[PDB]
Structure formats: C-alpha cells, structure tokens
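Visitor: Read off the chains here:
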Amino acid sequence: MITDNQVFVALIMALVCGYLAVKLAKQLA
Amino acid sequence: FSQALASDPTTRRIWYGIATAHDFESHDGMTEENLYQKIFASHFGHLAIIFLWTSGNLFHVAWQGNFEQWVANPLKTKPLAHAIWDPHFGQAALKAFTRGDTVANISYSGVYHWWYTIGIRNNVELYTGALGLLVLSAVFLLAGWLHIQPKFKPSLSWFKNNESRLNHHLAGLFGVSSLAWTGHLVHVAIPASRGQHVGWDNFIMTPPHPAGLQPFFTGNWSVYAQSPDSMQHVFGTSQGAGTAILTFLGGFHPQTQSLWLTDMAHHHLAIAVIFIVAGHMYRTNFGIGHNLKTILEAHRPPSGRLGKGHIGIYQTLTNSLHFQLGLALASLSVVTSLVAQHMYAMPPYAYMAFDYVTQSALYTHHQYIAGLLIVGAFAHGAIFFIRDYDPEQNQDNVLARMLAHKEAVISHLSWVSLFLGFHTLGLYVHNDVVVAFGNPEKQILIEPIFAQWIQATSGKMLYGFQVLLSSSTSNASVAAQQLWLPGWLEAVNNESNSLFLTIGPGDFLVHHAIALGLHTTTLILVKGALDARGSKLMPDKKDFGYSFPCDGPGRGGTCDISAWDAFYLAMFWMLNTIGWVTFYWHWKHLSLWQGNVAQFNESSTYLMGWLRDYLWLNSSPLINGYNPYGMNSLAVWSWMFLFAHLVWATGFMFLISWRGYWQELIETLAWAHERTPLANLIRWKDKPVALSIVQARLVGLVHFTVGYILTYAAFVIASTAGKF
Amino acid sequence: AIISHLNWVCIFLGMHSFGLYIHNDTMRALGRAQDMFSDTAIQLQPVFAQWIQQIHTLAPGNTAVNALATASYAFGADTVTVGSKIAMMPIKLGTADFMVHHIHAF
Amino acid sequence: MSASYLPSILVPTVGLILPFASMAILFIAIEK
Amino acid sequence: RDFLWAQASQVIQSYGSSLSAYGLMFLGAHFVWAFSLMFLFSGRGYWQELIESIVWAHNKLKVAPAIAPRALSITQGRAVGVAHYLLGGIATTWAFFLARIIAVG
Amino acid sequence: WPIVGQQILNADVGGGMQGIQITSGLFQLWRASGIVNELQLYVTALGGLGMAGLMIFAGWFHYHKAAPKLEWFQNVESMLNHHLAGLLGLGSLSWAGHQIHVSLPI
Amino acid sequence: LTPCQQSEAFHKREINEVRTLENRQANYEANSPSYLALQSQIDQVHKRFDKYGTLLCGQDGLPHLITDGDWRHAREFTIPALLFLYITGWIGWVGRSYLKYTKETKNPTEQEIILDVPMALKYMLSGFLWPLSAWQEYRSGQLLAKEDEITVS
Amino acid sequence: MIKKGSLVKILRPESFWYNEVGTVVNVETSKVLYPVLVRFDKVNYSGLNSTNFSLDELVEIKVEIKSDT
Amino acid sequence: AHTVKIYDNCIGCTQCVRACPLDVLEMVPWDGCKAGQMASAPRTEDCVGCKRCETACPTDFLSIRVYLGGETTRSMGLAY
Ligand SMILES: CC1=C(/C=C/C(C)=C\C=CC(/C)=C/C=C/C=C(C)/C=C/C=C(C)/C=C/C2=C(C)CCCC2(C)C)C(C)(C)CCC1
Ligand SMILES: CC1=C(\C=C/C(C)=C/C=C/C(C)=C/C=C/C=C(C)/C=C/C=C(C)/C=C/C2=C(C)CCCC2(C)C)C(C)(C)CCC1
Ligand SMILES: CC1=C(C/C=C(\C)CCC[C@H](C)CCC[C@H](C)CCCC(C)C)C(=O)c2ccccc2C1=O
Ligand SMILES: CC1=C(C/C=C(\C)CCC[C@H](C)CCC[C@H](C)CCCC(C)C)C(=O)c2ccccc2C1=O
Ligand code: SF4
Ligand code: SF4
Ligand code: SF4
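Residue numbers (PDB author numbering), protein chains in the order written: chain Z, 1 to 29; chain C, 8 to 731; chain R, 432 to 537; chain D, 1 to 32; chain G, 644 to 748; chain Y, 115 to 220; chain P, 31 to 183; chain F, 1 to 69; chain A, 2 to 81.
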C-alpha cells in the first residue's frame with residue numbers, strides 16, 4: 001500500500017504494450 | 008530480426024541476437040543504404056545517452072553535496088557526491104559511512120570536477136540546466152528519428168563525398184564553440200577567477216581588462232600583455248590582482264588550476280586559428296565540383312577496363328566504415344594517451360597537487376579507454392581487410408605491396424618482442440637473485456642517461472657538461488628566454504612538484520618493460536589483421552568472415568585461427584601492459600607523498616621490492632576495511648576487491664575449459680528434466696545449448712576484463728584513502 | 432544417472448558451502464549482519480563431531496580397558512602434553528571448520 | 001534539501017521495478 | 644586479510660637472513676604458473692601461423708631446419724599447461740609452507 | 115659453495131655445521147632407528163649401493179637374459195599369497211623384530 | 031651523482047652490510063674450522079667493493095653506470111661485456127649456419143640434424159674470423175634462395 | 001608436352017608456392033584440369049607428400065641446354 | 002544449415018564417406034579425374050559440419066570444403 005502514481009504508471013505501461021500490439025494491427029491508419 | 012539466425016531452435020539464438028544486435032552489416036536483408044542510416048541513428052542514440060548521463064552527474068551533485076561548504080574551505084572539507092540509501096546496510100557501517108558534513112549516508116566523490124567554474128550557489132540553479140541538457144538529448148534523438156522518416160533520408164551522396172561535410176563540420180565545431188568557449192569561460196567564469204560577477208544581461212557592459220577591443224584593434228601591439236596578477240588570490244577577493252587577457256606564469260601556480268586560466272584561454276584561440284588555417288585548406292581541395300567524366304554510369308563504358316579516375320581511386324577507404332572507425336579510434340587514441348600524459352605534468356585542476364585519491368582515478372580511467380580505442384581501431388582494421396579489401400583495385404601502390412612481403416615485417420616485430428624480454432626480465436631475475444643473496448651492490452644497476460637528459464633540458468645552469476639549457480649565454484638558450492623561461496626554471500627545480508620527476512634505475516627498467524609489452528602488443532594487433540584473408544595454415548580464411556571458430560582440427564590443428572581470435576588474444580595483453588604502466592605510475596606519486604623517495608630508486612630495481620612494498624604494505628588499509636572488530640568506511644571497497652577476484656576467477660571457468668564437456672553435461676541435465684516426475688510437466692522453448700565457441704571466449708573475456716577492472720578499481724580508492 | 436546424482440550433490444554443496452562464504456563476506460561489509468550471525472556461528476560448529484571427540488575421551492577405560500590413553504591427544508579434552516613446545520592439542524572445532532570441511536567435500 | 005522527505009523515499013521501488021520490468025519486457029519480446 | 648597477507652612478513656623479510664631462496668622460488672613459481680596461462684588460453688592455429696613467419700625468416704637464410712618447425716600438439720599443449728599450472732601452483736605454497744614455519748618455528 | 119655469493123643460504127642451525135634446513139623427517143626416522151654414529155650411516159649407504167645394483171642386474175636379467183612366460187602373470191592367486199604374506203607379512207614382521215632390540219638405544 | 035670513493039653515502043652501506051653480517055658472524059666461535067671460512071667470505075665481500083668504487087656509482091649507494099658510449103665507461107657496455115656476447119653468440123650462430131649448409135646431401139636430412147657424426151661438432155672451431163666471410167656466405171644464402179618462400183595466401 | 005621428371009616450380013592460381021623446387025612424379029595424358037602430382041618436399045600441414053597440380057604451374061627451370069656446361 | 006562446396010582438386014579416393022559420420026557426401030561418376038570419382042553432398046540438410054573430411058582430404062589445399070552456415074536440429078547433433 002504505497003506509491004499510487006507508480007501503480008497507475010505500471011498499469012498504463014501494460015496498456016501501452018497492448019496499444020503497441022493494436023498499433024501493429026492498425027499499421028496503415 | 009535476422010532470419011538465418013532466427014531458424015535456430017536453441018538458446019544460442021538469443022546470445023548473437025544481442026551480440027550481433029549491433030552487427031548491422033550481417034543482418035538479413037541488409038543493403039548499402041540502410042547501413043549508414045541505422046548506424047547514423049545509433050550515433051544519435053549514443054550521444055543522447057552521453058548527455059543524459061551527464062545530466063545525472065550534475066543532478067546528483069546539486070541534490071546532494073557540500074560544495075557550498077567546499078568553496079570556502081576546499082582543502083579540509085572532503086568532497087562528497089550523492090546520497091547512499093540501502094536497507095541492507097548495517098547501522099554500524101552506515102555510522103562510519105556518514106562523515107564530512109551531511110547527515111545522510113553519502114559516498115566519496117571520485118569523479119573530481121573538470122568544470123571548476125563558479126558553482127551557481129544554491130537557488131534553483133543546477134537541476135534546471137540538467138533538465139535542459141536532458142531534454143536537448145531527447146530532442147537530439149527525436150531529430151534522428153525525424154531523419155529516419157521517409158522522404159527525409161539523406162542519399163549516399165551525403166556520406167561518401169570528398170566534397171561534403173568533411174569541410175564545414177570540421178571548421179565549425181571547435182571554432183564557433185571556440186570563440187564561444189573562450190568568451191564563456193574566461194569571462195563567464197571570471198567571478199570564480201577574480202570575483203567579477205556578471206548577470207547574463209550585459210556582456211558588453213562588463214569588460215575584464217582596463218581597456219577592451221580598441222587596444223587589440225591596433226596592429227602595433229595588443230596592449231594586453233603589460234598587466235601582471237598578484238600571487239595572492241581568492242575567488243571572492245582579487246587580492247591585488249591587475250586584470251589581463253593573458254596571465255602566463257611559466258611556473259607552478261599557487262592555485263593548482265592552470266595559470267590563472269592562461270592555458271585555458273590559449274586553447275580555443277589556437278583551435279580557432281587551427282580552423283582558420285584548416286577551414287581554408289581543404290575547402291578548395293573539395294570545391295563541390297562534379298567530375299567532368301561521364302565514364303562512370305553511361306552505356307558507352309562497360310566492364311572493368313580502366314578505373315574511374317587516377318586521383319579519384321579512394322572509394323575503398325570512404326565506402327568502408329570499418330576503416331573509418333579504425334582511424335577515428337586511432338587518432339583519438341593518440342590524443343587519448345597524450346591527454347592522459349598531460350594530466351600529471353600540466354594539471355588543469357585546482358588542488359590536485361594537494362589531493363590524493365581523486366588524481367589516481369582519472370589518469371588510469373583514460374588510460375584504459377585509450378587502450379580500448381586502440382584495439383577497436385585495429386579490430387575494425389582487420390574487418391576492413393576481410394570484408395572490404397580488394398587486391399584487384401589497390402594494386403601497384405604501397406598498401407598492396409605490404410602484404411606481398413609482410414612476412415619480413417612480422418619477423419622484425421617478433422625479434423623485438425624476444426629481445427626486450429630476455430634483457431628486461433633477465434635483468435629483473437638478476438636483481439632479485441643478487442639482492443636475495445645479500446648483495447644489492449653486486450646487482451647490475453642501470454641508469455637511463457637518456458631520460459636524465461630530459462632533466463638537463465629544464466634549464467639547470469649548474470650541470471656543466473655541455474648539455475642543453477646548461478648555460479644562459481648560449482644563443483639557443485638566449486633565444487626566446489625573455490618572458491616564460493623565468494617561470495620554467497623556477498618550476499622544475501623543486502622536489503615538491505611533478506614537473507619532470509627524477510629518473511633512475513627503478514624508473515628505467517619499467518620503461519624497458521613497457522617497451523617490451525607494447526611492442527609485443529603491437530605485433531599481436533597487426534598480424535591478426537595481416538593474416539586475415541588467408542595464411543599458410545588456412546588460405547581460405549577470407550571465405551568466411553571475422554567471427555568463426557576454426558577451419559578443422561586436422562592438418563596439425565586450427566585452434567584459435569580467426570581474426571576475431573586475434574582480437575580475443577589481444578585484449579589479454581592490453582589489460583596487463585596497461586596495468587604495468589599503472590603499477591609504475593602508482594609509485595611515482597606514493598613515493599613522494601610519503602616523502603621517502605629513497606624507497607623507489609633503491610628497491611624498485613628488483614621485483615621483490617614491487618612485491619613487498621606495494622602488493623602488501625599499501626593493501627593494509629584495503630583489507631582492513633572490515634576487520635573482525637570495528638568496520639569503518641573502506642568496507643564497500645574491501646568487499647569489491649573480493650567480488651573482483653570472484654568475477655576475474657569466474658572468467659577462468661570459460662577460458663580454461665572449452666565447450667564440449669558442457670554439452671555432455673547439459674544433456675544429462677536435460678535427461679533428468681523430463682525423467683523426473685512432477686517437474687516433467689514443465690517444458691522449455693529454445694533447446695538448452697552451451698555458448699558458441701566465439702561467444703564463449705567473448706563472454707569469458709567480459710569476465711576477465713570486468714573482474715580485472717574491479718580488481719584494480721577497489722584497491723586504488725581504499726589503499727589511497729587509508730593512509731593519504 | 433550416476434553423474435546426474437553427483438552433479439546435483441556438487442551444486443548443493445557449492446551454492447551453500449561457498450555460498451555461505453559469499454553470505455558471510457557480505458554480512459561483514461554490510462554492517463550489523465555479521466553481529467547477528469554469531470548465534471548461527473554457534474550452530475553447525477560444536478553441534479556435530481563434538482560427541483565423537485567425547486566418545487574418544489571416554490573410550491579408554493570403558494570401551495578400551497587395556498588402554499590408558501586416547502587414540503591421540505587431539506581427542507582427550509583439556510589434556511595437553513608439552514615438551515617446552517606444544518605437541519598435540521584437543522582440536523576444539525568451531526567457527527568455520529564446518530565451512531572448510533564442506534569446501535573440501537565440494 | 002529533500003533529506004528524507006521527497007524523492008529518496010520512493011526510490012526503493014524505482015531502482016528495482018525497472019529491472020524486473022526490463023527483464024519482463026525483453027522476455028516478452030523474445031517470446032514474440 | 645589475516646592468512647595470505649600476514650605471510651609476506653616471513654617469506655620476503657628473509658633476504659637479510661638465510662631463508663632468501665624460499666622468497667625467490669615463491670615469486671618465481673608465479674612466473675611458471677602464469678606461463679601456463681600461455682598454453683591454457685591460446686590455440687595451435689594462431690601459433691602455427693606464427694611459426695611460418697619465423698620459418699620465412701628461416702627460408703630467407705636457408706637456416707630453416709630439416710625438421711620442419713611446427714607448433715606443439717593440441718593435446719601436448721594442454722599436458723604442458725597442466726604441468727606448469729601444477730608446478731607453478733605448488734612451488735608457491737611449497738615456498739609458503741616452508742616460509743612462515745621456519746620463522747615462527 | 116662459495117661461487118656467486120650464494121653462501122647466504124647456509125642457515126645457522128647449530129652443532130658446528132651450517133647449511134640448509136631439512137623438513138623430510140630424516141632425523142626423526144634415524145633417531146627412531148637407533149642410528150647414532152656416522153659410521154652406521156656410511157655402512158647403510160654402502161649396503162644400499164649393493165641392493166641398488168642387484169635390481170639393475172635383475173631388470174636386465176628377466177629380459178635380455180631370462181624372461182618368464184605369459185603364464186607366470188595369470189597367477190594373481192599366487193601373487194596375493196606372496197604380496198600379503200611375503201612383502202606385507204614378512205615386512206611387518208622383520209621391522210617388528212628390529213624395534214624390539216633397537217628400541218633401548220632410543 | 032658522485033663517485034663512491036667520494037660518496038659518503040656508499041661506504042655507509044658497506045659498513046651496514048658488514049654490520050648485519052657481523053651479528054651472524056659472532057654467534058659462532060671463530061676458532062671452529064667449519065666457520066673459519068666466513069672470514070674468507072667477508073674477504074670476498076671486501077675485495078668486491080673496491081673495484082666498483084672506480085665506476086661512477088649512485089650517491090644513494092645503488093651503483094649506476096653508463097651505456098651512452100662515453101669512453102670513460104666503455105667497460106660497462108660497449109667494449110667488453112657487450113662485444114664478446116656478440117662474437118661468442120655469433121661464433122656459435124655462424125658455426126651452426128655452416129652446419130646448416132652441410133645439412134643436405136645424400137644422408138637423410140633428419141639424420142644430419144640430430145644424429146650427426148661427432149666430427150662436424152669437432153670442426154665447429156673453424157670460425158675464428160667469421161665477420162666478412164660470414165657476410166659473403168649469407169649473401170650467397172639470400173642469392174641461391176632466389177626468393178623461394180611460402181605462399182602466405 | 002615436356003618430359004616427365006622435370007624440376008618443377010609451382011605457379012598455381014591458388015597455391016602461391018613461389019617456385020618451390022620439386023620433381024615430376026609422372027606425366028599423364030588423360031587431360032584434366034589439375035593432373036600432375038609432384039614430390040613436394042615441403043610437407044604441408046595435412047601431412048601428405050604429393051598433391052595434384054595444374055598445367056600452368058611449371059614452364060621450365062633449367063632455362064639452358066648447350067650454354068649450361 | 003551448413004554449405005558444402007567441393008573443390009576441383011578431387012582425386013576421388015572416397016576419403017569423405019570413409020571419414021564422414023552421417024554420410025553427407027557421396028561418390029558420383031565423373032569424367033575429369035584419375036580414379037573417376039567425385040564427391041557430392043545431396044543431404045546437406047543433415048550435415049553437421051564436424052570437419053573430419055578435411056583431415057582425410059589428401060590435396061595440398063583440401064578438396065572438400067564445408068563453409069559454416071546456419072544451425073538447426075539436424076546440424077547440432079542433439080538427441081532432444
Ligand atoms: C614533432 C615533434 C617531435 C617529432 C616527432 C616525429 C619525428 C614523428 C612522429 C610521429 C608519429 C608517427 C606518431 C604516430 C602514431 C602512430 C600510430 C598511432 C599508428 C598507426 C596505424 C594504424 C592506426 C593502422 C590501422 C590499420 C590497420 C593496422 C588494419 C588495416 C588498415 C588500417 C589503416 C585501418 C617530437 C615528438 C620528437 C618532439 C615534439 C615535436
Ligand atoms: C635400511 C635399508 C637399507 C639397509 C639395510 C637393509 C636392507 C635392512 C634390513 C634388514 C633385515 C635383514 C631384515 C630382516 C628379515 C628377517 C626376517 C624376515 C625374519 C624372520 C623369521 C621368521 C619368518 C620366523 C618364522 C617362524 C619359525 C621358522 C619358527 C616358529 C614359527 C615362526 C612363524 C615364528 C637399504 C639402504 C639397503 C635399503 C632398504 C632399507
Ligand atoms: C558454464 C559454461 C557454459 C554454460 C553457460 C550457460 C548455460 C550460461 C548460463 C547463464 C545463466 C542463465 C545466467 C546468466 C546471467 C548472468 C549472471 C548475467 C548475464 C545478464 C546480462 C549481462 C545478459 C558454457 O556454455 C561454456 C562454453 C565454453 C566454455 C565454458 C563454458 C562454461 O563454463
Ligand atoms: C608457444 C606456444 C606453442 C609453441 C611451443 C613451442 C614452440 C615449444 C618450444 C619449446 C622448445 C623446447 C624451445 C626450443 C628450444 C630448442 C629445443 C633448442 C634447445 C637446444 C639447447 C638449448 C638444449 C604452441 O604450440 C601452442 C599450442 C596451443 C596453444 C598455445 C601454444 C603456445 O603458446
Ligand atoms: S576451437 Fe575447438 S573445434 Fe576448433 S580447432 Fe580448436 S579445439 Fe578444435
Ligand atoms: S576428400 Fe577430396 S580428394 Fe579425397 S575422395 Fe573426397 S573429393 Fe576426392
Ligand atoms: S562437413 Fe562434417 S559431417 Fe559433413 S561430410 Fe564433412 S566431415 Fe562429414
């Protein structure tokens with residue numbers, strides 16, 4: 001129970017990895 | 008993502024996947040254009056790391072340190088760097104780690120400041136500039152990515168041009184940043200010098216000299232040299248100083264930093280002149296003039312026939328990146344060893360003559376990196392001879408004539424390596440054996456009269472045996488002794504400074520040994536590049552590349568035959584030879600710090616004096632970092648010295664025993680994996696294999712290097728800070 | 432199977448016997464960890480093989496009626512024979528004999 | 001300065017989560 | 644710290660006495676031991692490329708021996724390597740076990 | 115010897131003779147053998163020369179002069195009956211009968 | 031750096047070395063024959079210092095010397111201890127080279143390197159005046175070689 | 001066309017044995033690209049004696065006939 | 002995997018398949034040699050590259066070359 005902003009940063013890092021896969025799928029955009 | 012390396016159902020794929028990750032010329036689908044492009048991007052991704060790490064160096068000094076308490080009393084206050092925080096550390100050791108000024112645990116600074124300058128006090132100052140440096144580094148990276156984007160790529164006619172940035176990049180960097188550097192060091196850091204604080208709003212309003220510009224504009228005389236400065240000086244109080252553009256002493260200044268920023272200001276004046284004389288030389292050598300000959304891509308000219316131009320034939324040197332790297336890491340290495348040699352006789356820092364631990368850490372740092380750059384230059388030179396050389400084009404010159412008779416050169420180099428050994432080490436064995444028998448006088452002592460002549464050049468007028476600068480009446484001595492020679496003679500006639508020390512036996516025989524090791528190292532670095540396309544043991548060596556195991560264990564054996572094997576052999580000599588130079592240099596200061604110079608020139612003649620007085624006596628405060636009683640500050644270092652001998656000896660696992668034994672053992676481990684119940688459900692991905700014959704020696708060289716580096720990185724700090 | 436058994440035995444006797452060396456050398460340079468290791472220093476050492484020496488102390492007379500002395504004075508406790516210089520001593524194990532004996536076994 | 005009130009109290013996880021994250025990220029990359 | 648360090652006071656501080664040979668052999672056994680580091684690390688391929696240059700100098704003056712100069716065998720190099728790693732790796736402790744025990748005898 | 119100043123190795127041991135100290139246990143073995151006078155050293159040495167020569171004239175006998183067949187070596191049964199009884203047995207008995215009549219001089 | 035007959039800091043080393051040797055010298059009885067040789071050994075010690083004093087020697091007591099070619103010190107380098115090494119070594123080397131010239135012929139080359147007739151080893155004494163004759167024969171070696179070397183390809 | 005048993009000089013496009021003196025073991029008319037085997041005294045690292053060689057290789061080594069007294 | 006390339010120095014003394022462990026090479030009738038055999042390696046996919054034919058290869062410079070290439074399960078000689 002410490003560092004709430006760090007928890008949000010770890011969560012957004014996992015979401016950025018998922019969005020990276022989505023970016024690979026989009027490609028042309 | 009290399010496909011040929013991808014189809015490798017073993018763990019080895021990852022190793023080269025990181026080992027050949029920077030090996031861009033051997034990736035799959037590699038072309039001529041993409042090589043320079045991605046390597047250019049790595050240049051920009053490398054300088055960005057340098058500036059990010061510089062920003063961190065400045066950030067931790069701003070956030071932690073007693074530098075404001077240091078500028079007042081810089082001798083007594085021991086310098087600090089960054090705070091230490093570790094829940095593993097015992098309180099008994101942290102009570103000794105915290106000493107000096109701060110209350111928090113802070114380590115001892117080793118990287119002593121080069122940019123002395125002012126300090127900008129402590130009011131929202133250094134972390135802002137560090138953030139600006141970091142953001143400039145990031146934008147530098149983003150600018151590289153901007154160049155990578157389509158339609159914004161520079162063509163090959165931007166790197167491979169005699170008429171290109173070889174002109175404007177040269178005369179433009181250390182020239183604009185020369186007038187800027189001079190104008191922003193001797194005037195921006197003139198408050199640190201004298202105390203003439205100037206806000207960044209009126210550079211014109213604040214002239215340091217009594218008169219500015221107008222005396223310089225006159226062609227008769229600068230009217231700036233007729234101004235001396237008093238010896239008494241403080242950063243805040245001038246103490247009788249009479250400002251001048253040039254303030255040369257010619258001698259050891261009271262404050263160790265330069266000569267009142269003389270040397271400093273003279274640099275970029277000379278460097279700007281270096282560009283004024285160079286930027287005009289090669290500018291017309293280029294001319295941006297396309298060749299009139301259309302015999303280079305037309306239908307009319309086919310086949311080989313003739314070259315593109317008798318003067319133009321230099322594409323093998325400009326097209327190849329390994330040759331350009333072999334020269335960029337070579338000339339910089341010449342200047343690197345020169346820079347290292349110019350940090351003990353001409354110290355540009357203040358209070359280095361009074362400091363002890365910090366000085367011994369910077370010289371050997373640049374010394375080891377000098378040896379590194381030398382090896383990198385020669386390794387890429389070998390790669391240039393393998394993947395880029397062509398005997399059909401460079402025929403009839405002197406470069407192709409070399410390797411038609413190079414065996415004679417290798418013979419002379421081998422003879423030198425044997426000669427300097429049988430006598431240097433032979434003398435050493437005589438020294439030890441005759442000193443052991445109780446007869447140090449029977450020892451065949453040696454006197455480097457050549458190196459003693461350097462002391463005669465210092466202007467001593469009491470010698471009297473027809474040596475240089477032995478009489479002030481000689482016209483050669485009278486010539487140009489009007490201004491700076493008075494400080495010269497006064498600065499060298501002292502046993503307290505390091506301007507040309509005394510030289511004798513224990514001083515010569517090590518220089519003889521350094522010549523031995525360096526000449527041997529030179530031969531080893533050169534022959535590996537010469538016999539790179541082929542030899543008598545293996546003439547098809549060109550039919551592979553740089554990193555390959557062997558040709559086959561037959562015909563006597565081809566163990567360690569590739570050019571990469573020559574590199575892996577060369578690194579061993581690098582560490583030991585560059586360690587000989589340091590083992591020698593570590594006595595030329597600890598002998599005078601204790602004042603007992605009679606220890607060296609009397610005991611260093613034999614190796615036993617090197618064994619008992621250095622590897623044993625100086626290591627007392629090192630090993631006594633954490634005695635079985637009260638551990639103190641030198642604990643972390645006394646631990647590293649052990650962790651070093653671990654990592655170093657860890658390399659002996661990868662170097663003494665080869666790879667097949669590990670194959671036969673890993674197969675037993677894999678058998679036990681699936682045969683064991685419960686654990687049989689767990690399955691891997693890439694098949695477990697041992698390291699490659701090339702990667703084995705490379706990783707073991709990594710251990711033999713970093714373990715040896717830490718072996719000497721822990722002894723210096725503790726042994727020098729234990730006795731001072 | 433033979434070498435697989437010996438392999439795991441070697442690794443267990445290595446990651447501990449020399450592992451404990453890394454451990455203790457860490458505890459000292461780290462600080463107060465070696466201080467709290469003293470109770471463990473009482474462990475292992477004088478825990479095993481101590482009773483073997485005590486067997487040999489009481490071996491004469493009891494399990495050796497025709498012997499008026501032990502196998503060697505390295506067994507007899509507090510019994511020291513000196514001829515101007517010490518000949519043998521009741522080798523009181525302790526501190527790190529369990530350490531070096533397992534470096535040996537490794 | 002900050003002493004024991006600003007950034008040094010959040011460092012414990014900063015100096016260790018990036019190693020764990022880096023090994024995890026590179027392992028996910030090689031698993032691809 | 645207390646073992647390999649305090650022993651130099653009985654092996655080196657003996658030149659003024661009669662135990663000087665155990666210091667020379669001590670410092671000279673490291674020589675042959677590190678001389679084993681020449682064979683246990685390098686390979687016959689590079690050294691065989693090293694002879695043929697010397698044999699070229701030997702063919703320049705015809706001073707090349709009839710017995711064709713070749714490198715050591717791949718197995719013989721390791722046999723000599725362990726021979727020196729042991730000889731240089733025993734004579735040091737041979738000089739050490741015979742160093743202190745005479746001074747503290 | 116005095117050639118190159120090496121006479122510093124002559125350790126002052128005492129007994130009117132200087133030289134190099136020995137750690138081979140020769141003096142302890144000789145004292146445990148009852149040897150006192152120097153004459154008993156030379157007689158043993160001259161008696162060792164004879165046994166040393168006889169073995170050269172033996173290894174040169176069963177070969178260039180004689181030679182047992184191959185059948186003489188499969189007698190491992192007859193070999194252990196002479197190594198455990200002729201060498202180990204008579205050896206442990208011959209030296210036993212010595213230190214019973216040579217113990218009292220020590 | 032002054033010579034040791036005038037360097038007061040060198041004779042003190044002679045006194046100090048004999049002083050360290052004297053404590054070992056006095057513990058034993060001088061009348062014993064096995065230790066009467068120590069006086070002859072210290073006689074060798076004494077007879078050694080006087081010759082080195084003539085050579086310029088370090089003020090510290092560590093006796094230095096000259097290799098620049100100075101005619102006053104040619105005895106430490108140039109003439110004696112140097113030229114004889116060159117001659118003696120090369121008297122062996124050019125003798126070996128002459129044996130290399132006679133290393134061919136009909137009898138096997140391996141037999142004429144190793145199992146040589148002792149007579150060639152007895153002829154070794156031929157080279158009294160190597161210099162220029164050896165230079166002629168080494169010219170002929172390079173000549174008859176006719177640049178016949180290894181490929182290095 | 002030259003007679004067998006001639007003293008050879010190796011000028012093979014690959015093996016730069018710059019005129020290593022050797023003798024022709026035999027001459028074969030089978031007509032291939034690398035036929036001639038010669039006694040090569042310089043025992044290569046492989047260990048054998050005679051290897052195959054081209055038609056280039058040797059032209060002549062005596063160079064004289066009647067002026068060679 | 003590995004890349005097998007046969008020189009023109011072949012004498013056809015079958016030294017390859019004699020030495021060779023898993024029979025990478027193969028003797029084929031040829032019209033330009035003394036004995037009349039030539040070594041050919043069809044099963045280069047199964048080649049391991051142990052380099053034991055260059056030992057038995059007679060010629061001054063060997064006649065059977067195998068340049069080191071990629072590594073697969075067939076070329077690593079592993080049983081798992
Ligand atoms: C001025 C002066 C002087 C003089 C000098 C002289 C007389 C000269 C010189 C100089 C020099 C002379 C220097 C140098 C250096 C060098 C180096 C450092 C080298 C190098 C080389 C290289 C680097 C190479 C590389 C490569 C290879 C090997 C491979 C391939 C190719 C290549 C090229 C890449 C003096 C000092 C006396 C004094 C002061 C003044
Ligand atoms: C030191 C030495 C030496 C010298 C000398 C010698 C050699 C010795 C000896 C010795 C001897 C000389 C020994 C012995 C032997 C003996 C014996 C071996 C015995 C016996 C007896 C018996 C066996 C008995 C039996 C019986 C009977 C019959 C009766 C009843 C029963 C019974 C059983 C008791 C030398 C240097 C040379 C070398 C070696 C060592
Ligand atoms: C142990 C050993 C192996 C086996 C090596 C293996 C299995 C590598 C083990 C690595 C493990 C997974 C730990 C790796 C982590 C390191 C502690 C640090 C690396 C982290 C980064 C620097 C990459 C060889 O393959 C070998 C080959 C040739 C000569 C000697 C040897 C040898 O001694
Ligand atoms: C030096 C070296 C060689 C060459 C080793 C040689 C040439 C051994 C030389 C030893 C002899 C004894 C020296 C030559 C002396 C002659 C016998 C002449 C002696 C005549 C009188 C002095 C008696 C290898 O073959 C080798 C192989 C694999 C890894 C490393 C190496 C390696 O380091
Ligand atoms: S590296 Fe290994 S496989 Fe290659 S020649 Fe050497 S021992 Fe043989
Ligand atoms: S190794 Fe070469 S010469 Fe021998 S049989 Fe095979 S192809 Fe022919
Ligand atoms: S490459 Fe290896 S497996 Fe293939 S034929 Fe040659 S020796 Fe045999």
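A couple of the hints might just be wrong.
Across the chosen pairs, the derived CB separations fall in these ranges [to be verified]:
no.	chain 1	residue 1	chain 2	residue 2	range
1	C	280	G	644	56 to 62 Å
2	R	492	Y	220	27 to 33 Å
3	G	644	C	203	53 to 59 Å
4	C	25	A	75	54 to 60 Å
5	C	684	R	492	52 to 58 Å
6	P	151	C	350	58 to 64 Å
7	Y	212	G	744	29 to 35 Å
8	D	1	C	489	49 to 55 Å
9	R	536	F	41	56 to 62 Å
10	Y	154	P	64	53 to 59 Å
I should point out that these hints are in silico values taken from the structure, not numbers from a laboratory.
No residue lacks a Cβ here, since even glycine has one placed at the ideal position from N, Cα and C.
Visitor: Determine for every hint whether it applies to the structure shown.
Guide: These are the hints, each one checked on the structure:
no.	hint	in the structure
1	280(C) - 644(G): 56 to 62 Å	holds (57 Å)
2	492(R) - 220(Y): 27 to 33 Å	holds (29 Å)
3	644(G) - 203(C): 53 to 59 Å	holds (54 Å)
4	25(C) - 75(A): 54 to 60 Å	violated (25 Å)
5	684(C) - 492(R): 52 to 58 Å	holds (53 Å)
6	151(P) - 350(C): 58 to 64 Å	holds (60 Å)
7	212(Y) - 744(G): 29 to 35 Å	holds (32 Å)
8	1(D) - 489(C): 49 to 55 Å	holds (53 Å)
9	536(R) - 41(F): 56 to 62 Å	holds (59 Å)
10	154(Y) - 64(P): 53 to 59 Å	violated (22 Å)
Violated hints, listed in ascending order, are 4, 10; each of the other numbered hints is respected by the structure.
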